[PDB]
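Asker: If you want the building blocks of each chain, they are given just below.
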Amino acid sequence: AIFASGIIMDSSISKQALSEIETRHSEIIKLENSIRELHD
Amino acid sequence: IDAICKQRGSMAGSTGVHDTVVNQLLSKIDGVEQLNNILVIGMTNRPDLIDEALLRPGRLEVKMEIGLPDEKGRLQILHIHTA
Amino acid sequence: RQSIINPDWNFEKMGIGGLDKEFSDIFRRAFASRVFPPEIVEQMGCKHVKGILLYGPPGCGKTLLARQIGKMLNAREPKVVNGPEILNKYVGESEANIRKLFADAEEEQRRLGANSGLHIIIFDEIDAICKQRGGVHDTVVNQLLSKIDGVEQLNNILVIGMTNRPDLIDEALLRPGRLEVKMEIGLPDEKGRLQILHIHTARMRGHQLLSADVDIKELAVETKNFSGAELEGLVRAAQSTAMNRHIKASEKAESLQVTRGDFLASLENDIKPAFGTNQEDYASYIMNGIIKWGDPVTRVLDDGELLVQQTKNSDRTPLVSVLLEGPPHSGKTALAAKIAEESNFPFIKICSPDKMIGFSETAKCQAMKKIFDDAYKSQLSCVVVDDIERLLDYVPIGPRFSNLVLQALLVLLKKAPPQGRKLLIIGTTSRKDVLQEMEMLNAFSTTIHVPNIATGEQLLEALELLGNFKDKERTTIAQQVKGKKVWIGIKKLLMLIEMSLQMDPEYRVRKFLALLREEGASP
Amino acid sequence: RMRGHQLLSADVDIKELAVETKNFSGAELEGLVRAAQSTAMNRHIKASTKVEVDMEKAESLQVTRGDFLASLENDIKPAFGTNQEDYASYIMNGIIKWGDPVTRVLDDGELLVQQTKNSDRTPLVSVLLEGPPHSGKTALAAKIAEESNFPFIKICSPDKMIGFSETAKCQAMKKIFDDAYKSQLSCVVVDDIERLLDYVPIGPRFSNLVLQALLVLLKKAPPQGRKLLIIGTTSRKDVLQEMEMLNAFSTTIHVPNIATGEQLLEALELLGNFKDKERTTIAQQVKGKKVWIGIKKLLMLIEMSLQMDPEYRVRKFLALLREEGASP
Amino acid sequence: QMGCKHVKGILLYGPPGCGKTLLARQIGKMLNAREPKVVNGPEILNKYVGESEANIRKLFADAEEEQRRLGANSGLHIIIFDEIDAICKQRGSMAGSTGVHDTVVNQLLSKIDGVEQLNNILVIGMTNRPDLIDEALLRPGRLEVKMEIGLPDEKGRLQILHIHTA
Ligand SMILES: Nc1ncnc2c1ncn2[C@@H]1O[C@H](COP(=O)(O)OP(=O)(O)OP(=O)(O)O)[C@@H](O)[C@H]1O
Ligand SMILES: Nc1ncnc2c1ncn2[C@@H]1O[C@H](COP(=O)(O)OP(=O)(O)OP(=O)(O)O)[C@@H](O)[C@H]1O
Ligand SMILES: Nc1ncnc2c1ncn2[C@@H]1O[C@H](COP(=O)(O)OP(=O)(O)OP(=O)(O)O)[C@@H](O)[C@H]1O
Ligand SMILES: Nc1ncnc2c1ncn2[C@@H]1O[C@H](COP(=O)(O)OP(=O)(O)O)[C@@H](O)[C@H]1O
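Residue numbers (the UniProt record's numbering), protein chains in the order written: chain Y, 175 to 214; chain W, 330 to 412; chain H, 205 to 338, 345 to 460, 468 to 740; chain E, 413 to 740; chain S, 247 to 412.
Just chain Y, same shape as in the assembly:
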């Protein structure tokens, strides 16, 4: 009966997937405003 159960350590939360995701989107606002003005 040699056997042993196992314990788990989740990683689905990365504290480094919040920096780039937020910084990336913060720059498209100016482009969207500029294109809206251009279309008007």
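None of the hints are false.
Calculated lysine to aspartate or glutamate pairs in the EDC-like style (CA-CA distance at most 16 Å, straight line):
| # | chain 1 | residue 1 | chain 2 | residue 2 |
| --- | --- | --- | --- | --- |
| 1 | H | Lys335 | H | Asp380 |
| 2 | S | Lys251 | H | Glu442 |
| 3 | S | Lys254 | S | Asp359 |
| 4 | H | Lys489 | S | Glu390 |
| 5 | H | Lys489 | S | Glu381 |
| 6 | H | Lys254 | E | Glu442 |
| 7 | E | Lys728 | E | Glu715 |
| 8 | E | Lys458 | H | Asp229 |
| 9 | H | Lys631 | E | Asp571 |
| 10 | S | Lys254 | H | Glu442 |
| 11 | H | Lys586 | E | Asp571 |
| 12 | H | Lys632 | E | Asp498 |
| 13 | H | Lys254 | H | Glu362 |
| 14 | H | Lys335 | S | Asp348 |
| 15 | H | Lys587 | S | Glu381 |
| 16 | H | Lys566 | H | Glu497 |
| 17 | E | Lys728 | H | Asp520 |
| 18 | H | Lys266 | S | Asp359 |
| 19 | E | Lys458 | H | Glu216 |
| 20 | E | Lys699 | E | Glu678 |
| 21 | E | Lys587 | H | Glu381 |
| 22 | H | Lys632 | E | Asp571 |
| 23 | S | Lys392 | H | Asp487 |
| 24 | E | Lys469 | H | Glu243 |
Residues of chain E clear of chain H, computed beta-carbon distances all greater than 10 Å:
| # | residue |
| --- | --- |
| 25 | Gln675 |
| 26 | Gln697 |
| 27 | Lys701 |
| 28 | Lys702 |
If you are wondering where the hints come from, they were derived from the structure by calculation, not from laboratory data. Each residue gets a CB set at the ideal place from its N, CA and C atoms; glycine is no exception.
We have chain Y; now place chains W, H, E and S with the ligands onto it with these hints.
Answerer: What follows is chains W, H, E and S with the ligands alone, placed relative to chain Y:
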């Protein structure tokens, strides 16, 4: 209470969780902070398996042994169960 | 609904011979109710069989039969469990693997009901998982038992089991409603050999590659107690020999042919049956032939064949025994081996204590039991036992010996073989009195005595037959030996002659006489 | 259900089958019925070419008692019942009446069997059969067991315990005796007791654990409402008496050897081997003497002598008989 | 046209250090075979349940996948074992007296010749105690050729010196 509390350093499986659990229970029941509004009641069937460090005075003092009734005990149980 | 049996299936193409009765019984018991018009079967309200078990000695056509049965039915492709490939380490994995096999059958049964198709499951080496109950092998057997027949019913499954040791298999798994159709596959008799050779030499004949001088009847009659695998091995070796000869001889194709010589060479040199006669043992135990130096040899030889013919012909005595005893260095093992060889039986074995150097009692017992079990699966046999006192480990101090081995030998000397078969056990020893004291001479049916050289004339005749000394020297010894008697064994005489022969060319006789005088003892 | 649609013949009696099958578990009856139905159905199918079903005789399909008998004899084999193979392997050469002692032994066995069925104060009785070697005392025990007619009959012999350690033998005996306690009647035969202990004159030596387990198992009454019979065979009686083992047994029966010329001549005539002309000489030789030989030894001697030439059998047989002699 | 299957393995038994592995490598290099998979006997054994069988099974996946993909037009593969006798021993017969390494033998027997047929494999075994090998692993279906390599005679020593000094 005998399923989760046992003499630490005895399991041959994933003891890495049982020892932590028993240590946490010992620390919380009576640690650095003094509590005066907590009451703990425990049942079991194997008195000699409980961890020795958990049965010292201050943590679990009152110990009771319940046995088979005697003749008057039976003459009272039957009367209670037929009112 | 399409029938279960493929419309293009036929027995002649199955390529299996020598198992007509077993296949007929299997068809009668298992698939008989799956071919009758369903409307009739519905009225009877009867459930189909749910398992089949096949067992027997290695190499006789088990896996082949299971594969043919699997590919005969028009059911979906069968599953395969190659040995114990369902084991695992984490707590709760073997049971999941076992349960995952029956999922599709249950799903199909739930979806369709009484119109579901057939499913097939093939187990290989079942005895490595399903062992008798009473945490490494007792939580797979329970899962299998519950799944095979549990609270919910199934009628679209078929389990085929295979094993070499049917005894170790659990008992609760061999009852009606479970794997109950048990069959045994055994060495094939002559008709089976002819059928197998015809099957295995069919394609080549169609292309006119077989020579005209080879007769399959002679090959069938000559090979005794072969198993199908051995016949296939024989044919392949002959073909390879012929091809190698052709290539090494010299584009040169279209002339290649298989001749009787190749078959004879392959049979003589390449194939060695497991339940047949081996000449290496006889060569090793008879290292100097046999020389007729007197009447006793002829008497023993004329007594042995009488017992052989008694065991071969009678019917009320399926078991016979005999014990050869005499003074040490008298040549008992050689005579026993010669008697066994002259029997012409199809299964001869010799059990000696020189293959068990350092073995414990519980290993000698196992070896003897295995030898006897092997001898019990042939229509004729002959087992020789030599140096009984060395098997028992007897020493005058004490006395000391092994009780377990003695009890096993005593029990094995009275257990008759299955009905219809025969056996013959020959035994030797050099210490009769000790055997009598242990109360062992009462189990043997007869005893024989081999005497030592007791007269000068026999010694002179033996010397003549050996051909070592010349007429002048022969007379020289005769002048001194004919005046009295001698007592020396044949092996000791050979040893003394060899020792004497190493002296100077002229002083051999004097040293030989001195050695004979020194060795001479009181009759 | 089968009889509902007139699928059962009119020459099958259920009560006869019920009486015939003794101690049949529930699943075995279903197995027998299924096997009989399959065998009956198989009569209309031929498996040698492209499978074709004869759809013309399907209206005359019926189940006959012969099918049931064949399935019972061949297919279904019970586990808590009795099988005829053991009695065919222990009574190989049958039983013949060569004198008075056989009838007396059979009568005593039958008398003992009646008591353990019509008695309430002794629900456990055991007997011991003993005699000289080669006297044929196992065949008589097997015949008594067969004639007992009890539902559950078992034979425990050392032939199946080769190489086993004392612990294995004890746990086999315990298992057998425990299985024997689940019936209203049972007979158990112990064979060659002096070989279940590993006895050897030298020392002497033997297994103490097996002897103790056997001495403790002869005084244990079964559960209330059940009966049991234990028979035992042994060829060395004094040895058993020495270890104080004859107290547990309730009685004893003696099996003698042939001790007269007339008995030997009657046995020879019953066997039917020698002609009358040879019988004249053999009688003229034997009558004026006495003999002491067991039946098995006589059979073996006759078989060994039969292999000689036509005009040498009698002389060699007489020589062998004289060499073996009597040695009372 | 003849329709004859090829041999499925060979066995070489003899004194250690006399040139058995070299011959095994050369035989593979002579038949235009792929890289041979060498496996050491004693290293297969493990203490956990169901680990030796996995190691034994891991050596046949490539052959099976290649056979399935390319059918009968696949090449050839070779597997070489070392001290095979240390993982194959006679199996017990009495109930309750089995060994500790019977599952490995059963798995090997099943893989070598099972329900599914492989015709793109070859097995070479090397051992020193050929009398301890199981009996079911020497029938004409598996390891049907046995050879003995002995200590070399004068000619052998001379040729060896030539080869190693040329
Ligand atoms: N009656 C037969 N007719 C034709 N071939 C046969 C027959 N019996 C055996 N064989 C040969 O048997 C070989 C396959 O052997 P099989 O798979 O039956 O062995 P086995 O009994 O399972 O062996 P083991 O149990 O030792 O693994 C095939 O080459 C087949 O030719
Ligand atoms: N006619 C013969 N009878 C017996 N042995 C013979 C005869 N002629 C030659 N020999 C030689 O006698 C040798 C005796 O060997 P064997 O092992 O049979 O002797 P043994 O006396 O029975 O054995 P042990 O030495 O164990 O008591 C045999 O090797 C055989 O070569
Ligand atoms: N009237 C008879 N009495 C006894 N045996 C008989 C009789 N008629 C025939 N036989 C045969 O005698 C054979 C003797 O075999 P059995 O094993 O009973 O002998 P045993 O002398 O009791 O045994 P053992 O040799 O172990 O001392 C039986 O197989 C039986 O077939
Ligand atoms: N016949 C041979 N020809 C050339 N070298 C040989 C021969 N036999 C052994 N050797 C040498 O012996 C050494 C060991 O060979 P190897 O096969 O590894 O031994 P082992 O059988 O122990 O594995 C190698 O250097 C090899 O070249």
